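Okay, so here's just one chain, in structure tokens, the form deposited in one PDB entry.
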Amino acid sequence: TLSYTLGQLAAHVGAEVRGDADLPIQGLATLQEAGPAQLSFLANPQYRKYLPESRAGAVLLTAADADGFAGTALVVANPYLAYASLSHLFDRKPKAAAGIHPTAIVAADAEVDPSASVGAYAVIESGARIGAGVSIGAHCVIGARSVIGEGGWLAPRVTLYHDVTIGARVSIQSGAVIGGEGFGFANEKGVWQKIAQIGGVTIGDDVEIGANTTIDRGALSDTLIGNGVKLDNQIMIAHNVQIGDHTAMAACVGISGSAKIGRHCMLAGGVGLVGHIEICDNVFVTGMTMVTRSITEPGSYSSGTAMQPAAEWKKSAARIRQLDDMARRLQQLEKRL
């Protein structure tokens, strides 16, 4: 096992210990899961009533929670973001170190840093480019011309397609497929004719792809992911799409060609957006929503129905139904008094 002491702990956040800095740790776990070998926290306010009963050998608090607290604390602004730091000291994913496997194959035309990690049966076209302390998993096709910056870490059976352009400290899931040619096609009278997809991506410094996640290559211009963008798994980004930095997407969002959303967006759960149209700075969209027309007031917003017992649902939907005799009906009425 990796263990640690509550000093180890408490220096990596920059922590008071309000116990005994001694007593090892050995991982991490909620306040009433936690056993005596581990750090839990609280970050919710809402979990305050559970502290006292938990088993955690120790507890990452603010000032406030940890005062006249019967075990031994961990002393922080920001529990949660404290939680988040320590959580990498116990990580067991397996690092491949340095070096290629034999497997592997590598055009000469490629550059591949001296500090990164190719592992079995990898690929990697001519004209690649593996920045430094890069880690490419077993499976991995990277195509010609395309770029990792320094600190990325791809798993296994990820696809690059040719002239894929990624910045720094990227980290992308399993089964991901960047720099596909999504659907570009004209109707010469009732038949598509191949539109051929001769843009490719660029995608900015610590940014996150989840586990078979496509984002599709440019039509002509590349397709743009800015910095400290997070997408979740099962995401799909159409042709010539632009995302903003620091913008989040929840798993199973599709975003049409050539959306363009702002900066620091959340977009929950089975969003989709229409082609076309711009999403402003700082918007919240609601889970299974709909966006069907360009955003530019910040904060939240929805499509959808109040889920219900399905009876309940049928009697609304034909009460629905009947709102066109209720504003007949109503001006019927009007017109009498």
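C-alpha atoms forming the largest set that superposes within 1.5 Å between two forms make up the rigid core. Numbering follows the first chain given and starts at 1. Compared with the form deposited in another entry:
- Core-superposed comparison between the two forms: CA of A11 displaced by less than 2 Å.
- Core-superposed comparison between the two forms: the C-alpha position of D324 differs by no less than 2 Å.
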Second form
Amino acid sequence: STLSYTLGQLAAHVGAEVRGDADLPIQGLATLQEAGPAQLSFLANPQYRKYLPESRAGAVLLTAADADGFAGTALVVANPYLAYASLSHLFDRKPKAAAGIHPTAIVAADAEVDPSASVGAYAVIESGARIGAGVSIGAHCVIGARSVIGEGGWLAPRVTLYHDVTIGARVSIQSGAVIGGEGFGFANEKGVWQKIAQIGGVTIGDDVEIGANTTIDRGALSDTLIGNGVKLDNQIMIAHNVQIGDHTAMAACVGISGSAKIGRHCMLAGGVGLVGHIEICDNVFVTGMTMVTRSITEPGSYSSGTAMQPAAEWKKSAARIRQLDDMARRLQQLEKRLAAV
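Show the form deposited in another entry, please, because up to now only the form deposited in one PDB entry has appeared in this conversation.
All you get below is the one chain by itself.
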């Protein structure tokens, strides 16, 4: 038996006005070009407006504007994209575990697990750990000594928290994430690296998302700090003592070096790197695979790298870059020569 809702139930959830029959049953969501008659669609991007009248969707989330002249059933909302975002959860088939501790889970006698929490098979909860109400700990999770997960948290299978990791409410952590590991902390003695113990922890705020195989190092002395509402994609590396301001988003494969500070409402595109000990102010966007080498004090977008070219053309551009000092010297000599005549 598949999940099903009427257009009326869906419209109630997002405060939509149904212009058509509210009793139509809906079995899922789809984009305008993919949608069939049992699916609700949405128009967010003016670029996809071409596909609205030909869509086979049973109904479409629309602005009052885009609903005028439209022949199908409209669900009229201020913001179709946000309404889609809310409705998506009603069609999620991710399994939900019942409250309880799997018989194979190992829970230290002085760990506290809320009775409304679920702890999966072969999970390990260490001494002093605290698991809050409505938290779901997946199979094979390891929750280190004294670590805390706030109410409504969700950990996929195979998440690792080291000791002294404190997490706020409603965390979402995908499989393979490692939180509180020891980062690269070495002192050089005449060429031989000497380990510095990493004796800070991690503090994570509320409503944080952490993607698959993302690593967040513990602090060297004080904590690594992740603010509220921070969204981290997959394969991210956050080094020791990084600070991430509230509502910042980081796309996949981002790497942030030690002690960097990122402000609120920043957006780092995929594969961005930040060097250590710099600060980025609020409302900064960094485009894909940029290397950020210094502090940013002005809001706006920032970039590094070159345009992609066909390889033979790129090789010519790269050869000319190495000649730029020579070309600048030649341009200066030419200006002096023309001035003289």
